[PDB]
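Given the sequences, and given the hints that come with them, work out the whole structure.
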Amino acid sequence: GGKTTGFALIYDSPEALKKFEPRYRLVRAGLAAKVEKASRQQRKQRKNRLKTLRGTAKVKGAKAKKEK
Amino acid sequence: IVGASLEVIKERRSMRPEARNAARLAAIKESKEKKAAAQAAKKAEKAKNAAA
Amino acid sequence: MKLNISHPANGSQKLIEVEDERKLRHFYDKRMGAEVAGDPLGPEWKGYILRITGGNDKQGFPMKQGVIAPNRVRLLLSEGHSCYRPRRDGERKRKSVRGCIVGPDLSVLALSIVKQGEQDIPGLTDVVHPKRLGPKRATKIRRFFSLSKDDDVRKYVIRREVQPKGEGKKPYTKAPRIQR
Amino acid sequence: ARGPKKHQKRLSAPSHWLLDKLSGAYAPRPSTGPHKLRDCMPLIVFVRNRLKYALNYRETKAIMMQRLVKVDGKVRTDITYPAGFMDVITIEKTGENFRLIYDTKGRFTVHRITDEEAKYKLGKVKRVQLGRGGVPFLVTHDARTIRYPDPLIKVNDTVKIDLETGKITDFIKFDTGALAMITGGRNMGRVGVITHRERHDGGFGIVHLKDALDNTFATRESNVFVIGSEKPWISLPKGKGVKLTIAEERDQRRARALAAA
Amino acid sequence: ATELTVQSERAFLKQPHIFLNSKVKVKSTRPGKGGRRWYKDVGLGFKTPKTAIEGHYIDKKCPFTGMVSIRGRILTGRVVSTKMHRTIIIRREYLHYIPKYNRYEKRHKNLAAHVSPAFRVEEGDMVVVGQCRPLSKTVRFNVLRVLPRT
RNA sequence: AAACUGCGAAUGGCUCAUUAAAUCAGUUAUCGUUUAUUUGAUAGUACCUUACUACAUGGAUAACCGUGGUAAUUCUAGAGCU
RNA sequence: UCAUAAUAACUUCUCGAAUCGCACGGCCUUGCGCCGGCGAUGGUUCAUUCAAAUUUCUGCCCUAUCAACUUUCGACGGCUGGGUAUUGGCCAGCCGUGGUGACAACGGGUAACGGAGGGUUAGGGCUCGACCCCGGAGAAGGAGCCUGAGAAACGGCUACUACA
Ligand SMILES: [Mg+2]
Ligand SMILES: [Mg+2]
Ligand SMILES: [Mg+2]
Ligand SMILES: [Mg+2]
Ligand SMILES: [Mg+2]
Ligand SMILES: [Mg+2]
Ligand SMILES: [Mg+2]
Ligand SMILES: [Mg+2]
Ligand SMILES: [Mg+2]
Ligand SMILES: [Mg+2]
Ligand SMILES: [Mg+2]
Numbered sequence: 018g019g020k021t022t023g024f025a026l027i028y029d030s031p032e033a034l035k036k037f038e039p040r041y042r043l044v045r046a047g048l049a050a051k052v053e054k055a056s057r058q059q060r061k062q063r064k065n066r067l068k069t070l071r072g073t074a075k076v077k078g079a080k081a082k083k084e085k
Numbered sequence: 009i010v011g012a013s014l015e016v017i018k019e020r021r022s023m024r025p026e027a028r029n030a031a032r033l034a035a036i037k038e039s040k041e042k043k044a045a046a047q048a049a050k051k052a053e054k055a056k057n058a059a060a
Numbered sequence: 047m048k049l050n051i052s053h054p055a056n057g058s059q060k061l062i063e064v065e066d067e068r069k070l071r072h073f074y075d076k077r078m079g080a081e082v083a084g085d086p087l088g089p090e091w092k093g094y095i096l097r098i099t100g101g102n103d104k105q106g107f108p109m110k111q112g113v114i115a116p117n118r119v120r121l122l123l124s125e126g127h128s129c130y131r132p133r134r135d136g137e138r139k140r141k142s143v144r145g146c147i148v149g150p151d152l153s154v155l156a157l158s159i160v161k162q163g164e165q166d167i168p169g170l171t172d173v174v175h176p177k178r179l180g181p182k183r184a185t186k187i188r189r190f191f192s193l194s195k196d197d198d199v200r201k202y203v204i205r206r207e208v209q210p211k212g213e214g215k216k217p218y219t220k221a222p223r224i225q226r
Numbered sequence: 009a010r011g012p013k014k015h016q017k018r019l020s021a022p023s024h025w026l027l028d029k030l031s032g033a034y035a036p037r038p039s040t041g042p043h044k045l046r047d048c049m050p051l052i053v054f055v056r057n058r059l060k061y062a063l064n065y066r067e068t069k070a071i072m073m074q075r076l077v078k079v080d081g082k083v084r085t086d087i088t089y090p091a092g093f094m095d096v097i098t099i100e101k102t103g104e105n106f107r108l109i110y111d112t113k114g115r116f117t118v119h120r121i122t123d124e125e126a127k128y129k130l131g132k133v134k135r136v137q138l139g140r141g142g143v144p145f146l147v148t149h150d151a152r153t154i155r156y157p158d159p160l161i162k163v164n165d166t167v168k169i170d171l172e173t174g175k176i177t178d179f180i181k182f183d184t185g186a187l188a189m190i191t192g193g194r195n196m197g198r199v200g201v202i203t204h205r206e207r208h209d210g211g212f213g214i215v216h217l218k219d220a221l222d223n224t225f226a227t228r229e230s231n232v233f234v235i236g237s238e239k240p241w242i243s244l245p246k247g248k249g250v251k252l253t254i255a256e257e258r259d260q261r262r263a264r265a266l267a268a269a
Numbered sequence: 190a191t192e193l194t195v196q197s198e199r200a201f202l203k204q205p206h207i208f209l210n211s212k213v214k215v216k217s218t219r220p221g222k223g224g225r226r227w228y229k230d231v232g233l234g235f236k237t238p239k240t241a242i243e244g245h246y247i248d249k250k251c252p253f254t255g256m257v258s259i260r261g262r263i264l265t266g267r268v269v270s271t272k273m274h275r276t277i278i279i280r281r282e283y284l285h286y287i288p289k290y291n292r293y294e295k296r297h298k299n300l301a302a303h304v305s306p307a308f309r310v311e312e313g314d315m316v317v318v319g320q321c322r323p324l325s326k327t328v329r330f331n332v333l334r335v336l337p338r339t
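So the protein sequences, as listed, match chains Z, D, X, F and V. Under this note's numbering, read the first sequence as residues 18 to 85, first letter to last. Under this note's numbering, read the second sequence as residues 9 to 60, first letter to last. Under this note's numbering, read the third sequence as residues 47 to 226, first letter to last. Under this note's numbering, read the fourth sequence as residues 9 to 269, first letter to last. Under this note's numbering, read the fifth sequence as residues 190 to 339, first letter to last.
Simulated from the structure, these hints should not be mistaken for laboratory data. Ideal placement from N, C-alpha and C gives every residue a C-beta, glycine not left out. Among the hints, erroneous ones may be present.
[Stated by the list, open to error] Here are the simulated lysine-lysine pairs, DSS-like style, with alpha carbons at most 27 Å apart: (1) X:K60 - Z:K83; (2) Z:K35 - F:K69; (3) D:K18 - X:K161; (4) X:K161 - Z:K75; (5) X:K186 - D:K18; (6) Z:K75 - X:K220; (7) D:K18 - X:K69.
[Unchecked claim] Which chain X residues stay away from chain D? Per the calculated CB distances, all over 12 Å, these: (8) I62; (9) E90; (10) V113; (11) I147; (12) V174; (13) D197; (14) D198; (15) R200; (16) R205; (17) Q209; (18) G212; (19) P222.
Here it is in structure tokens:
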């Protein structure tokens, strides 16, 4: 056929739009840019791998000098 | 303590008793005028109330 | 057999290497937490009395106070004990610990100075290490600086000057967060 | 089974919630509260599936976060809060009030009510006695407890609650000639007048009612909900809960359809 | 029932919370309130037997002068054994329906109940029993009334 | 950031080995018991302790600086602060 | 012998609030003076909700080349206690000798988790159901236990056996 049906949303203000619209549709419309992140498996491996470190896991090179 | 030094703590602990009272009086007095100035600001809003 | 000597008064610690056994004979058969004289250790230790605080075996197992044995024994360590850190509330895991009687088997002793002597140690008692922070409670500050009930303790508080990395602005001041 | 359950599987939810068998595997699982689990109206289901205000789950919990809508005059902050019979939900911003009440087919329906008279409720008492210190008290069907009641008020009656001060303004006795609505069983939505009551020693008595169309029916005492003696205090929905059979239901749908167009 | 004496055991049997040695003497109609023998009525149109009111027996399992209430289902049966001590066995018979063969067959079950010293029950008597709390491993019923024999 | 403390981790998911009045089904009961959480109501410390301060009590510990042991683990010792 | 009230006492014995943050007001003897509004983390008892454990009645395949079974060291019931969140032969003592069965007990087989239900049709039936819904049990095979309202838990611990 030659007819098409969809859904429409009309917002009162741009701030209410940006405050309520979902991220994936915002990326669809192009108003805001996408977030760059690593894969889910890499994130999961990092999170469970860092559970074996105790205190200030941001830098953990202090135990490299124990061997001399 | 690290922030101060031995001599510093020594004088601070050894400070004369009357000086403590003088410092307290000075602090209470300055607080008194600063509070009075806040009351003067309350008088300024009272003047705004009279204007309105 | 290594030695870890500590000075609580000056807040200083040092590690020494000892290879000659006849100097170390007099520590034997003593218990952890006992009193010993450091005179046989050397001329620089004359007039020194030391307290035995702990030690470690060559294999790495720690000593536990209250168990009398020269070998090591298995125990069911519960929560709140010394050499056990549970992974879950109420968890107990079976471990192996060495008795509290000193013997030739151990690798390192740790001990502290009880009474200062006439002579000085070249690298231990000549330095003092600043305490990182000061008291944080209102009662402690009041008793420490010897104030009275009403003296506006708020003004009297240690202040440390902190600065940013390289922004070029003036440093500011930080305070100990009185909680009472 | 090593404790109580915290999940409810879809395809096992009560039928009167009207949930589609497709589009997901789970159900809202309303949280614990003042109303029974079997016969309750979750707020998320009411707002999203009936009013169609929210498209899906994600914004449903965002909607409540502004505290715009309240029930019984008090704000509730859990999305799966069990609402029930006679409960009134008030939204000040739009300016209308709703009451959760059964229709003639046994499910919850939207029912507009006026703001001025939508500020009171009424509920049946479960037991009456004196509590600690000798103070009498009663508890209704919505977990409302009120101390120092009228001594004439007895069990199984119904009492009118102001909902702002919690004072006993008025009450209705449970006797013949009263107007009642059934709240449990298959006879959902009927309205009738109590004819007579006969009791059986040992529990589980039955009561006989009669509809406006000279119909006759019976139900348990635990399922009767008296709302007045005559001229019922609340506003009944369209149809007045008379349950015409399928013959007249089929006659009326074509009759109004042809009349309109 | 026939009991020679009430106190023929190691311990002393008495009703709990019933004060029996009072300095002041007061006469009251109430059973337990005044200090005399205590009894009540279970209900369901069941009348307290006369032997209970003036009897002296002590029983913690009797529905009368006891701490057991009668509540639940009420059953009927045929008595088959009454020759043990303070316990009876009843037999109940019914008919089961087999759908395929369109006819019935008879079946029966056996039940155990506690008998009070107020009643005297012999073989071939009609009885009515009522549910109660567990009194033993396999005793959950109490006799209430014995119908006259044919 | 880290860490102390609070809560959850007994929900979900998989399988049908054992089990023949055992499990289970429909129908009753708890006047024979326990119950996180949610919701609604609800507590004149009479004197102790004239007084201990009520305009408000008292000691540790984490994180942390720095020094170690074992080839080996989400193993740990002793020293100094809060 | 209920809810509740009253009297004479007791207790290694509880609770009756020394917690935390965002909004800025009123009086007068004008002193760091007094009073005063909404919310997080609690707390004694009652009511409610999610429940849980026990518990009344009836209903399960084939087999007699399975006809009597149960009480050594509880098997049926009575009494006095201990233990459990509570009843109860659940356990400890004393005293009676009981309980089920040809109306199929007891035992042996099951290539047996139970139910809602699937396949096949004049009607009556025969057969399947591990498996999307409800209930029960298990985490290689046995036992024991901490924390916690809730576990005899195994993505919790301890010990043995077999693998590793
Ligand atoms: Mg009843
Ligand atoms: Mg199988
Ligand atoms: Mg509460
Ligand atoms: Mg026989
Ligand atoms: Mg099997
Ligand atoms: Mg199945
Ligand atoms: Mg299942
Ligand atoms: Mg388990
Ligand atoms: Mg296990
Ligand atoms: Mg696993
Ligand atoms: Mg698990």
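Results for each hint:
1. Restraint check: the Cα-Cα separation between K60 (chain X) and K83 (chain Z) comes to about 17 Å, which is no more than 27 Å; the hinted pair holds.
2. With a C-alpha separation of about 18 Å, the suggested pairing of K35 (chain Z) with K69 (chain F) holds against the 27 Å cut-off.
3. As the CA atoms of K18 (chain D) and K161 (chain X) are separated by approximately 25 Å, the hinted pair is consistent with the 27 Å bound.
4. Between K161 (chain X) and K75 (chain Z) the alpha-carbon distance is near 42 Å, which puts this suggested pair outside the 27 Å criterion.
5. For the proposed pair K186 (chain X) and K18 (chain D), the alpha carbon gap of about 18 Å is at most 27 Å, so the pair holds.
6. This hinted pair checks out: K75 (chain Z) and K220 (chain X) have alpha carbons roughly 25 Å apart, not beyond 27 Å.
7. Our distance criterion of 27 Å between C-alpha atoms is broken by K18 (chain D) and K69 (chain X), whose separation comes to about 43 Å.
8. Here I62 (chain X) stays apart from chain D, with its beta-carbon at least about 28 Å from theirs, past the 12 Å limit.
9. The Cβ of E90 (chain X) sits about 27 Å from the closest Cβ of chain D, beyond the 12 Å cut-off, so the non-interface label holds.
10. At the 12 Å boundary, the C-beta of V113 (chain X) stays outside the reach of chain D, the nearest C-beta of that chain being 40 Å off.
11. For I147 (chain X), the condition that its CB be more than 12 Å from all CB atoms of chain D holds, with the nearest at approximately 41 Å.
12. A beta-carbon of chain D comes within 12 Å of the beta-carbon of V174 (chain X); the shortest separation is about 10 Å.
13. Its closest Cβ contact with chain D, about 6 Å, brings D197 (chain X) to no more than 12 Å, contrary to its assignment away from the interface.
14. For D198 (chain X), the requirement that its beta carbon stay farther than 12 Å from each beta carbon of chain D is not met, with the minimum near 6 Å.
15. Its closest Cβ contact with chain D, about 10 Å, brings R200 (chain X) to no more than 12 Å, contrary to its assignment away from the interface.
16. Listed as a non-interface residue, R205 (chain X) fails to keep its Cβ farther than 12 Å from every Cβ of chain D; the least gap is roughly 7 Å.
17. Every Cβ of chain D is farther than 12 Å from the Cβ of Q209 (chain X); the closest lies at roughly 14 Å, confirming the non-interface assignment.
18. Against chain D, the non-interface label of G212 (chain X) holds: every CB pair exceeds 12 Å, the least being about 24 Å.
19. A Cβ of chain D approaches the Cβ of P222 (chain X) within 12 Å, the least distance being about 10 Å, so the stated non-interface status is violated.
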